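Next up: just one chain, as structure tokens, the form deposited without this ligand.
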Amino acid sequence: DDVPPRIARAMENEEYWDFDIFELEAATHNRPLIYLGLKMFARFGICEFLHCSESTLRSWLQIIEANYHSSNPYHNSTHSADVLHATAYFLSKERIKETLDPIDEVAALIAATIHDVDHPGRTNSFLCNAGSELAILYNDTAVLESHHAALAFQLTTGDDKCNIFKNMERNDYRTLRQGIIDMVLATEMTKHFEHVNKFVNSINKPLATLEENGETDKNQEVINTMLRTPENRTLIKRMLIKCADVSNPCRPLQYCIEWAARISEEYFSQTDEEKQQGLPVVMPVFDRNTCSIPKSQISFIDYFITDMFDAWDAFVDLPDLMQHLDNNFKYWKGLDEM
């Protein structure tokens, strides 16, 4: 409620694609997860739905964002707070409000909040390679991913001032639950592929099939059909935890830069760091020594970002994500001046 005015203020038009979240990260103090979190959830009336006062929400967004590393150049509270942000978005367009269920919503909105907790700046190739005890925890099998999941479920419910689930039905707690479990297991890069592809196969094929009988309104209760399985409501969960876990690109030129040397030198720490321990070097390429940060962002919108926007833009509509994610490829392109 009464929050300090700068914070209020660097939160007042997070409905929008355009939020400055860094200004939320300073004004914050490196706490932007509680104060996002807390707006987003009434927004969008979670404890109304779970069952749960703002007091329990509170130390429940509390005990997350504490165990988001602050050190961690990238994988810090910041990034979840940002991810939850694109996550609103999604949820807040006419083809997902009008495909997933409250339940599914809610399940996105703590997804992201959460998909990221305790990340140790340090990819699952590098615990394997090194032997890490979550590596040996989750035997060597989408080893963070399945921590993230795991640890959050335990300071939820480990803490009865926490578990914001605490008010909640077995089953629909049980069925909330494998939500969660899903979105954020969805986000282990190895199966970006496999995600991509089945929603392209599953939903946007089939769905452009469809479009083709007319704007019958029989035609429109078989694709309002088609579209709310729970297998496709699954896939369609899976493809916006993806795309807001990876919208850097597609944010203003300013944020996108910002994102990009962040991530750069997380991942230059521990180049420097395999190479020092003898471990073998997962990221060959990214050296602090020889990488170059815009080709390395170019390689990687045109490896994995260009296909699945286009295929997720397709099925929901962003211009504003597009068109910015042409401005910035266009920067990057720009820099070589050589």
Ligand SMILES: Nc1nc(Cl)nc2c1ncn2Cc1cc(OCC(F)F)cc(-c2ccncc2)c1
Given for the second form:
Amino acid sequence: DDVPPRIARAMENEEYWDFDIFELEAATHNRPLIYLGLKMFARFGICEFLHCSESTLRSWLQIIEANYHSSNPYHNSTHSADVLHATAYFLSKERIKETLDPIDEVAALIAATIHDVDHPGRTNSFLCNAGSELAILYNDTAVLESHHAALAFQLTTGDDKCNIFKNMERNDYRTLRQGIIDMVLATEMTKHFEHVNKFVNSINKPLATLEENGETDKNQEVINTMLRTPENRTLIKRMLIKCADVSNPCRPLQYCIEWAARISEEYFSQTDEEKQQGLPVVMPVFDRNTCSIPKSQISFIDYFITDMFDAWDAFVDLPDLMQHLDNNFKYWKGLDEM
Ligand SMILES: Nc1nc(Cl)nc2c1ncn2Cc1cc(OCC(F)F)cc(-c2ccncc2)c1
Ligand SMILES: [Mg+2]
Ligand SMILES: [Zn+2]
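Could you please show the structure of the form solved in complex with this ligand, as a counterpart to the form deposited without this ligand just displayed?
Next comes the full complex, this chain leading.
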């Protein structure tokens, strides 16, 4: 409530897509998530739904943000706040507003907040090759995604002052827990094409089929009944967390570039550590001594971003994201020059 002035000004236009996430990061002193979380959760009315106090939410936001590693270039608490900001923005669109229910909005906002908690600036494949404690613990299977979700529930329910779920119904919490886990596990890179194709086949193609019938009141109710089933909501939630997680190439160019630098530097570090130790190089192209960052972003956009956001856009209508996506793609091309 009683927030300082620069951070208050930094969080002024958080409903808008164009938002200065790095000014918030600078102003909050590597604590963007607690400030942005408090505003978002209050605006969506999350503690009113969960029956937590504002103090239990402050304690919760602090302990999870504390477990984000500041030393990570990209996977730090600013990424989580960025991913939280995009999640809120997608939940605020009419399509999602008239498809998802209140309990899904809470699962989405929480999942965004925790999805990368205690990330070690390293990929799953590094941990598996290295034989890390988590790779042995999770059996080389969604090693970090499992850990992010697990630790988040360990820190939440392990302390009474941090437990934002303590005043819930047994059945509401069990449903919410399942929804958070699913969305956090859905961010694993290996399941990308499985989750994009399920979204196209179960949502976009059936919805495009029903679009031929014309705008009718009976036809809208059939569209409403089909989309609002538990399965298709799970497919929409997975798509929403996936798009928010990698929404950086759809940002204003200044932010797009900054995100590319952070993620690249984090992969350059891993590749240096793989060479020094003699581990098998999983990302050979991402070495500081060989990598073109503009070319690597173009390739990244082609393989993952283009088809995924095209499908999400066709469902939600995100012209500003796709307009930024075109401008940023064209900027990366413009840096060749020879
Ligand atoms: N601008 C970005 N560039 C690159 Cl190179 N990786 C990024 C970026 N923003 C998030 N990531 C992380 C990420 C996510 C991802 O997929 C989203 C979901 F499927 F997990 C795939 C890769 C990735 C996979 C293989 N080679 C390179 C990068 C990296
Ligand atoms: Mg992750
Ligand atoms: Zn992430």
